[PDB]
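K.L.:
What follows is the residue order along each chain.
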Amino acid sequence: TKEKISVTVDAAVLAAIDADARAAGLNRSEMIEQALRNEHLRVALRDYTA
Amino acid sequence: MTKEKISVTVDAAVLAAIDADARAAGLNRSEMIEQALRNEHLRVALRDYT
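The listed protein sequences derive, respectively, from chains A and B. Quick note on numbering: the entry's author numbering labels position 27 of the first sequence as 28, and the sequence is numbered without any gaps. Quick note on numbering: the entry's author numbering labels position 13 of the second sequence as 13, and the sequence is numbered without any gaps.
One or more of the hints may lead you astray.
Claimed, not checked - Simulated restraints on C-beta separations: (1) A24(B) / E31(A): 22 to 32 Å; (2) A51(A) / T2(B): 21 to 31 Å; (3) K5(B) / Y49(A): 16 to 26 Å; (4) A51(A) / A12(B): 32 to 42 Å; (5) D19(B) / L46(A): 16 to 26 Å; (6) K5(B) / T50(A): 33 to 43 Å; (7) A24(B) / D11(A): 18 to 28 Å; (8) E4(B) / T50(A): 29 to 39 Å; (9) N28(B) / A13(A): 14 to 24 Å.
What the hints contain is simulated information worked out from the structure, not anything from laboratory work. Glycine included, every Cβ here is placed at the ideal spot set by N, Cα and C.
The following block holds chain A by itself, in its conformation from the complex:
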């Protein structure tokens, strides 16, 4: 199951992600999905302190 959604993003960021898509043989939606899947992991990263 996949959802079609609308989002507003920085145009420069979008161009970069389009290029990363091309390098990987992906279309824009697939590359964005990869980014979202990975960001879900990244937000769980932690910094110990004091």
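Add chain B to chain A, keeping to what the hints say.
P.N.:
Chain B only, in chain A's frame:
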């Protein structure tokens, strides 16, 4: 800087997870997705440079 409004098609489970992360972070969907894209672009740049 300019922002662009786009439509993307993504896995429903992936979207739910990032929406959950957005709520935790007090961001809206677009802000969190842009964060995901910024971080993924740097990830790919480092990956392909090494």
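K.L.:
With reference to the structure, classify each hint as holding or not holding.
P.N.:
Taking the hints in turn, this is what the structure says about them:
no.: 1; hint: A24(B) / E31(A): 22 to 32 Å; verdict: 25 Å, holds
no.: 2; hint: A51(A) / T2(B): 21 to 31 Å; verdict: 41 Å, violated
no.: 3; hint: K5(B) / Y49(A): 16 to 26 Å; verdict: 39 Å, violated
no.: 4; hint: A51(A) / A12(B): 32 to 42 Å; verdict: 41 Å, holds
no.: 5; hint: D19(B) / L46(A): 16 to 26 Å; verdict: 19 Å, holds
no.: 6; hint: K5(B) / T50(A): 33 to 43 Å; verdict: 39 Å, holds
no.: 7; hint: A24(B) / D11(A): 18 to 28 Å; verdict: 22 Å, holds
no.: 8; hint: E4(B) / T50(A): 29 to 39 Å; verdict: 38 Å, holds
no.: 9; hint: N28(B) / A13(A): 14 to 24 Å; verdict: 20 Å, holds
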